[PDB]
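First, one chain by itself in C-alpha cells, the form solved without the partner chain.
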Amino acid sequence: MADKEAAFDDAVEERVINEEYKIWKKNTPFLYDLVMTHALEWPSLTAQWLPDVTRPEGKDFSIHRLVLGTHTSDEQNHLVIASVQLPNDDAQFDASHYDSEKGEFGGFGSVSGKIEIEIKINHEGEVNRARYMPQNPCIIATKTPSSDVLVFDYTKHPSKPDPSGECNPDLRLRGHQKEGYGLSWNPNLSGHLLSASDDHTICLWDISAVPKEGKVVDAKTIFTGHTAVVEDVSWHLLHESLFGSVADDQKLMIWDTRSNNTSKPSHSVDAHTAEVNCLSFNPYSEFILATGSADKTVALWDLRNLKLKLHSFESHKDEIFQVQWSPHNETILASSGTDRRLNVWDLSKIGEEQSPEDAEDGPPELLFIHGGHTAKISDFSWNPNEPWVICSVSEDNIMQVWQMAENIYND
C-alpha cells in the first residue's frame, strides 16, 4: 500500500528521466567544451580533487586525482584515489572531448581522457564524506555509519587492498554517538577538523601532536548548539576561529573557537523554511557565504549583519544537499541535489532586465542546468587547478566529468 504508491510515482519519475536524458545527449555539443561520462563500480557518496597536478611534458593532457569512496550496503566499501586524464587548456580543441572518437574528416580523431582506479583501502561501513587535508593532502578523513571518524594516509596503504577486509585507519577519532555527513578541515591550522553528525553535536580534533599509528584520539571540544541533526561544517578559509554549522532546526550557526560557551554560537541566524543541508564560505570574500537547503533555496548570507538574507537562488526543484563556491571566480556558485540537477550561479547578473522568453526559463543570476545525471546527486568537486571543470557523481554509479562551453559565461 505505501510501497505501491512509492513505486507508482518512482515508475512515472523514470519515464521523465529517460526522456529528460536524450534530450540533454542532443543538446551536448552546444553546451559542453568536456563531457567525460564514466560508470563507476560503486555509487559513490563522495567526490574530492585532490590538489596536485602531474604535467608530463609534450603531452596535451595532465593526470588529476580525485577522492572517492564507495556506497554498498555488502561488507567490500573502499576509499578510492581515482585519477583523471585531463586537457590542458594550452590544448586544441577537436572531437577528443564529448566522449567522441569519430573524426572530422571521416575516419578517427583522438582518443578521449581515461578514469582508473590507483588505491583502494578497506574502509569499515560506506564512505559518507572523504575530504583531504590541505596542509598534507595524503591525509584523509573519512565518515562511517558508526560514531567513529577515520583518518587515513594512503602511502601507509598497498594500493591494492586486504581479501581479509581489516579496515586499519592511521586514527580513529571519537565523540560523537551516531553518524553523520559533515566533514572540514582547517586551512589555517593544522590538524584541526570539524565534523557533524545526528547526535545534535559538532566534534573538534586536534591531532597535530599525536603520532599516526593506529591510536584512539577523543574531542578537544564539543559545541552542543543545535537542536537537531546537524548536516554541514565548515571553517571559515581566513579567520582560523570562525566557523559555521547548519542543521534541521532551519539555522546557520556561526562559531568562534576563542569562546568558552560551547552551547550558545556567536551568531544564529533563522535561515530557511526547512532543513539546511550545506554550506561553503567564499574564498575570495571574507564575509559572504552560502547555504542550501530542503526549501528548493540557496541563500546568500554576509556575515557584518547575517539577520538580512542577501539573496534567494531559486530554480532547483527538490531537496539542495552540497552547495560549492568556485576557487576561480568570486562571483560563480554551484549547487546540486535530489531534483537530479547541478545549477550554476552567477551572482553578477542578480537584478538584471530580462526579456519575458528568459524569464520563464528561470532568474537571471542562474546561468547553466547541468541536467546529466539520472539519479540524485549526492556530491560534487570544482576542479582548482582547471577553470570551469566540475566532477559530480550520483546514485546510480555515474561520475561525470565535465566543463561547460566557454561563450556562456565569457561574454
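Rigid core: the largest C-alpha set superposing within 1.5 Å between the two forms. Residue numbers count along the first chain shown, from 1. What changes on going to the form solved in complex with the partner chain:
- Summarising the superposition on the core between the two forms, the listed residues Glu166, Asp270, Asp218, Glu213 contain exactly one with a Cα shift of 2 Å or larger, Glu213.
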The other form holds:
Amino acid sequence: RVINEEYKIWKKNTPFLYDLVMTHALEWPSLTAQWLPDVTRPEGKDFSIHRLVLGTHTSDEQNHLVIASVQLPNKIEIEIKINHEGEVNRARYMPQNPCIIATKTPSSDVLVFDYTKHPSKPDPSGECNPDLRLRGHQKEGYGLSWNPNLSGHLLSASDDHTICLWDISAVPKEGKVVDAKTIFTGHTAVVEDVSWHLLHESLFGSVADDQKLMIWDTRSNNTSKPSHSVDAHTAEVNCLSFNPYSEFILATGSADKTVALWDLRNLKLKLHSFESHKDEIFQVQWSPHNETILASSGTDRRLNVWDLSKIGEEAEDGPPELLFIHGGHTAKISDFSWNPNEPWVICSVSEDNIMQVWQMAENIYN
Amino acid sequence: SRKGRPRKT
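Now show me the form solved in complex with the partner chain, since the one above was the form solved without the partner chain.
Next comes the full complex, and the chain you just saw is listed first.
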C-alpha cells in the first residue's frame, strides 16, 4: 500500500542513494546476521571474499546454521550448513577463535559449534550434534555475547528473566555439556539483549521487557542486584550496543520507537533520544569504523543510520542526526551487521527471506 | 511473538 509507493520512490532514487545494493533471497529467512572478521583479497581479481554467519527459520523442515560467502568489489554462495535443532534465534562467533559459533535455539539450551569439526554438507539424518550444549536457562532467548577479553566467556539472555554466563575455556575434550557459571536475576521480565563492554572484562549490560537497562560487575558476589539499574524507556528494551571508540557511551533500542544514548558516568539522565522509527526497534549497532555513527532497525522495515555529530544542527525528512534511511526491505528486519573490513557496508536480513548487502553513497557521509 | 511465520522461496 504505502509500502508499494515508498518502495517505488526508493527504487527510483536508488542509483543516487547507494554505491552498492545487492539483493538475495535465501531459501528460508534468517533471524540473524554477522560478518565473520576475515577477508580474502586475491591478487588477480577485482573483488574480495567476505563471509557471513546466518541461520534458517523454517516451518516443518530441517534448520541449519549457515556460513555464506559474499563477493564485494574492490555473488553470494552457501559454503557450510550445519544441522541445527529448531530455528537459529541468534548466532555469534567467538572473537578469540571465529571458528567457534554460539547459537540460541527455540528451546532452553545454548549451543556451541566449531565449524571446522563438522562437514560442509550436513548429514540428511538431521541430527544436531553440537560441540557443547550450555545449560542454565528454562526458555529460549535472543541476547548472546562473547567476552573479547576473556576467552570462552559467553553471556546469554532469556525469556526466563535471567542472564546466564558460561566459561567454556577449560571444558574436557570429551565433555559435551556445560552448566552455567553464574546466573544473574536482576530483571523482573523477559531479558531481551546482553552485551559485554569492549575494554572492561568484568562489565556487561542487559536490557529487558521491564523497561530497564542494567549494568553488571561480574566481580560482585550479589547476582540479584546490578551495579546500576536504569529506567531506560517507556516500553520493552530490545537491544543495546557499546560504542567501540568511546568507552563510556552506549545505546539502547526499544518498543517505544526510540534509540536512547547513555553515558556510564551519569546513567540517571538519558543523553539523547533518536526519534524517527514508526514501530518497535529490535537491533542497534555502532559503526565499527566511525565513532559518531550508529544504526538501528526493526518492525517498521527501516534501517536508520544516525550521526551524533549532527545533533542540534540547523526539516520534514527527519532530525538532522538522521543520516540515512535504508528502505530496501519490505518486511520486518530481523538483524543486521556492519562489515568490519569495508567501511559503510551493511548486511541486513528481513522476515521475507531477503538479505541485502549495501553501502550508501559516498557523498552522503562525505 | 517476536518471530513471524516463515515461508520457503
